[PDB]
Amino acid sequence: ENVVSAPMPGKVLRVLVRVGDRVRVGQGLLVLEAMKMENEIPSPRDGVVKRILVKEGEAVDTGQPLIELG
């Protein structure tokens, strides 16, 4: 069980998972608007989504917890 944090500042455009979802390493967890780019933030490992820490439309800062895996 670990925490996925924002790699840079940006706005959450969409959360691609729901609590309880099984995720694969490298699979997209959410999309972050930043570096004039749309960046798909991956899961660092296979696992289950335990908690979603941000909402779509919300601004986040570097290092901010976004998803907690079980």
Contents of the next structure:
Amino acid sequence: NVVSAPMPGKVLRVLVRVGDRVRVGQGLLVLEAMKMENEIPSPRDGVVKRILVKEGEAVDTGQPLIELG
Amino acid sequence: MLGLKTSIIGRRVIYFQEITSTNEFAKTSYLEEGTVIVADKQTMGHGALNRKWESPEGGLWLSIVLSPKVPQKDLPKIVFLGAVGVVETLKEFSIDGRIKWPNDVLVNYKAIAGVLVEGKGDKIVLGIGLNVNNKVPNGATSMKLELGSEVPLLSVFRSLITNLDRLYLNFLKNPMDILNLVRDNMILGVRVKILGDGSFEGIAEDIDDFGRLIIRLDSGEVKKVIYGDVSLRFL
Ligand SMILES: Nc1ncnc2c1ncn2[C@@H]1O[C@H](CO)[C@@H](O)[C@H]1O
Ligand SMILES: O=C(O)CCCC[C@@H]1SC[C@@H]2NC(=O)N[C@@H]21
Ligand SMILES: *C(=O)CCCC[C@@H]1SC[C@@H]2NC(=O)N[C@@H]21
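Form solved without its partner chain already given; the form solved in complex with its partner chain follows:
Expanding to the full complex; the earlier chain stays at the top.
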């Protein structure tokens, strides 16, 4: 499906590349928000189909971040 | 055997001779709130904003599991809790520490400690690295370098955890108090440069209730800086 931003913030780093298999709860990327570094976990096991955001990009709540196969 | 007498932070403490990062372990393990992860040395220490943090033997490298359950607007103050705890501990040891907005503590303008807060779901991890008796990077300092002799590491640990517990309980009661403690303990009045898009110069004069750094430009105009959004440099 699709992993969206739980909150507004700035992408600090992307932890995965397209095509990489991930597990439930594995960090997909990191968002700098409210003087915290929020690691966004993958809702389920699967493969990374696409990465919708870039490091340095500002995002808002609900914005699509990663797409799994 | 540690004899800690805290209410939440320090109820349990997990020690490691060595580890990659205490923050990672605190994030990937299920742990009761207040659990403290500490290690003699860290080989993969995490700094904020993708920086690396040197963690040789002799220093205090720890992470605290927290479950504040507060509104999003109060989350920016968590880093401050860690910074102020360090300031208070340094004070007990007769060391004058100041906060370099928003997560570092300086003594005579040399970094002696750094704070990093990480979140992963409901879980929040407060990470703190304090130079005690360890070797430090050029331009930094430590308690041993300030005092002129070895400092009892466990006593520093006991002091810091005890201050953090009190600050945390106070935060739970009224999350607005920490802001004033920060304002009265941070480096203010210094001229700074904001780089990137819309570059400008001004005097760092205070923080707002979100922890945003307030900058007073020469024109009297006022601008607020969001951490991680722009680069800041002292002039
Ligand atoms: N233990 C430490 N004490 C003070 N500053 C540190 C420490 N480890 C890394 N740094 C700072 O972070 C930067 C490397 O990420 C360096 O420029 C250094 O000044
Ligand atoms: O100033 C900074 O950049 C923040 C440094 C935070 C360092 C501590 S050491 C204990 C904890 N474990 C880590 O990997 N990082 C934090
Ligand atoms: C410290 O760096 C300040 C944190 C940023 C706070 C501001 S309030 C306006 C924005 N909305 C939000 O949820 N966080 C941002």
